[PDB]
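2 protein chains.
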Amino acid sequence: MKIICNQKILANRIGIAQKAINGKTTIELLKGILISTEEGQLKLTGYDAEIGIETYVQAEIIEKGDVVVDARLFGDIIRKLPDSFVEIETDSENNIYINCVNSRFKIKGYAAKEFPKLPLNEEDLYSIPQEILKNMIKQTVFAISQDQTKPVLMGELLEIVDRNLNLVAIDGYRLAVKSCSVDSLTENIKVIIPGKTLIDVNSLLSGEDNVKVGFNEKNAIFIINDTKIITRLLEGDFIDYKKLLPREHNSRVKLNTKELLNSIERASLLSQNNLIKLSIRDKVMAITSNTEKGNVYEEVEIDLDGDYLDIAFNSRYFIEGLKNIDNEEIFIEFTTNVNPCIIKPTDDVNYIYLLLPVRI
Amino acid sequence: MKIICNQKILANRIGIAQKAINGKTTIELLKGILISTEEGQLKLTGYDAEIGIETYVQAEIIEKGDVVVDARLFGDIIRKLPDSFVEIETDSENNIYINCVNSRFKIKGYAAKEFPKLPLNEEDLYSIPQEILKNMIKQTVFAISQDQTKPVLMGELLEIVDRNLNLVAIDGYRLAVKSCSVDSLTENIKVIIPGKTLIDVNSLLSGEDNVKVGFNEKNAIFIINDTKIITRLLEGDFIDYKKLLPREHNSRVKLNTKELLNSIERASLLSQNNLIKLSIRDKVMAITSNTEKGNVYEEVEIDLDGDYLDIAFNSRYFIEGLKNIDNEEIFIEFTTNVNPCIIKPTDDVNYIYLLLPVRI
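Those sequence lines, one after another, are chains A and A'. A prime marks a further copy of an entry chain.
Residues 1 to 119, 121 to 273, 277 to 364 in the entry's author numbering are what the first sequence lists, from first letter to last.
Residues 1 to 119, 121 to 273, 277 to 364 in the entry's author numbering are what the second sequence lists, from first letter to last.
Quick caveat, the hints were computed from the structure, so don't treat them as lab data.
Cβ coordinates follow ideal geometry from the N, Cα and C atoms, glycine included.
Watch out, some of these pointers could steer you wrong.
Claimed, not checked - Covered stretches of chain A, going by a simulated chain A' footprint (3 or more residues, C-beta under 8 Å):
id: 1; segment: 72–79
id: 2; segment: 163–177
id: 3; segment: 257–267
id: 4; segment: 295–302
Said to hold, decoys possible - Chain A' side only, calculated, beta carbon under 8 Å to chain A, not exhaustive:
id: 5; residue: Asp76
id: 6; residue: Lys106
id: 7; residue: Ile107
id: 8; residue: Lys108
id: 9; residue: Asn263
As the list claims (entries may be wrong) - Not close to chain A: a few residues of chain A', all C-beta gaps over 10 Å, as computed:
id: 10; residue: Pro152
id: 11; residue: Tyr174
id: 12; residue: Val362
Using the sequences and the hints, build the whole thing.
Put into structure tokens, the structure is as follows:
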């Protein structure tokens, strides 16, 4: 193998392939990135049982071939080289020579022979705006279970129903749902993707252009410019989340998102399970906590329709919600002090954050 | 106690007092900051056996008094309050009430009675430019011992001899010395200050104005605007470091500081005890490493006077040195492959970084 590429591009694409490398893998080779020549183009593959990534690096191909390199060492070298041309060559022992301005490295390489093939379509690929998918993941993924006895709830439900795309995260205490109507999504689909993997996907989305998405029985595939991400789907049944959305509310407040966040943050300084209390009255909502460490009384201006209410919540769950809402104002809907609240941005019909109270 | 001050100022000064709080202290009270009223001014004290800090917060004093508050809780509250007026009050149980816009906290306080008094002078105080002391600490402190069997070498030697101030760090492998002639320093002094503490001091120096410095048998004192830092001195004899400076050199190179740093950094990617080799020839210095992980050959342009040389060094010690030299170019002086090198910036007669080679 013998190729020449730009340093900045190679470093950038190594970072992308690295996302699929599992440092705790049991298969030695899978700590490596597969480099392989194609046509005016190098391909980099990172592979794990849960996630495969292929990415392209424009290159002059002097001599075709492939080799596997330790993904961490490869990245550490390329990252420190100056912004110039990088020459990469292999010998018949699979040594890798990397040359760039006044640097010459020779490191160990490994035969490509046993490197997994990546599982597909392009006709069965659908176009979604990056910004949308980005925001969908961002506004939900923090809400997945961390309970490893519930692997399914460590996934998010991605569902297309009648040209609506929905991404759903639930953990037994809160539920986050973000929707968009996308026209290209003419087929109904329901799958569960590990949230960990959706975080990786989100990191590769820029916010311009589209990501092309496809699904089979075993995998979801995301195409972002020249990058292909393949994510193993979770098998099983998702919680029937639609049944948890209240049909009615007895109270509805409107308030400034950041104002509430700041107040909960302050109130939570004392309660650090993390309890805070909301006292909904006309014109003001009080946020309080009382520990033996002290008490906090915070006030936030509200507009109220409906009943006065006192209700307790986990501050972390509340904070994690409000942190991820850039909207200036939110509505929050309530019924009784044992039922969830529902947060809805005033200027976004497409997002729900539902949260169970603490019965105390 | 009852006072009103600005939030941003109080937060800033809490950060300063916090530097003296030892979270692993065995004395419960010393996790607290002493708040105490003076005159148009609150004082905040943080205290540890090794270091005491007093700092001033402009304030309206409605009612005089003092109280001790948990330093971490106090900081966490003040930091999250809006940029407005903060009212702080105590009751006879030493509860602390903190009020600010729409926030009301009540937290535990503690009686000032048993809070240590801080050990002094002002006539015996000397003026040094902040920038100078800052650079002195920055360019040496990284070189102290980390060997806790050698507490003295975990200190730096501060010495005034004939209006020259010197700060010296040594660990048995390298020696860093930074000097300045300061005229106000009319008296000869030799003391050892823990480097950990000098790091704290450096963090409080801005780079404008002077820091006023004073010494007795037990303490050094630093006055930075309205902040007083008292640092317990280390007892014992410092290494006689002047005897380690070679009287002669057989080789002298001139080179670009960052160029060398980048090359050592690259070379060290393979050797990660951390060995690299320097091959001094005319016009070029080669930097190499060879492990079973691979080899690196780096080239750096030099001007050489004197002998050709091959010599091995610990890359970390070399890197730590070069990282802390902003000067565009350095000289490095050498004798044999078993003797130290000496790094001297081309445009700074006042700094030495000396480093022993590895005998291999």
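Right, here's what the structure says about each hint:
1. 72–79: holds (count 3)
2. 163–177: violated (count 0)
3. 257–267: Our answer is that it holds, as 4 residues pass the Cβ test (under 8 Å) against chain A', meeting three.
4. 295–302: Three-residue rule met by the segment 295–302 of chain A, so holds; n is 6.
5. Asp76: Check passed: Cβ of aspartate 76 of chain A' comes within 5 Å of chain A, closer than 8 Å.
6. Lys106: Because about 5 Å separates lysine 106 of chain A' from the closest Cβ in chain A, which is inside the 8 Å limit, the hint holds.
7. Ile107: holds (4 Å)
8. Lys108: It holds, given that the least Cβ distance between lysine 108 of chain A' and chain A is near 6 Å, below 8 Å.
9. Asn263: holds (7 Å)
10. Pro152: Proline 152 of chain A' is indeed farther than 10 Å from all Cβ atoms of chain A, at 36 Å.
11. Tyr174: holds (25 Å)
12. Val362: Non-interface label on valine 362 of chain A' holds, nearest chain A Cβ at 22 Å vs cutoff 10 Å.
This entry does not satisfy hint 2, going by the numbered hints stated previously; all others are met.
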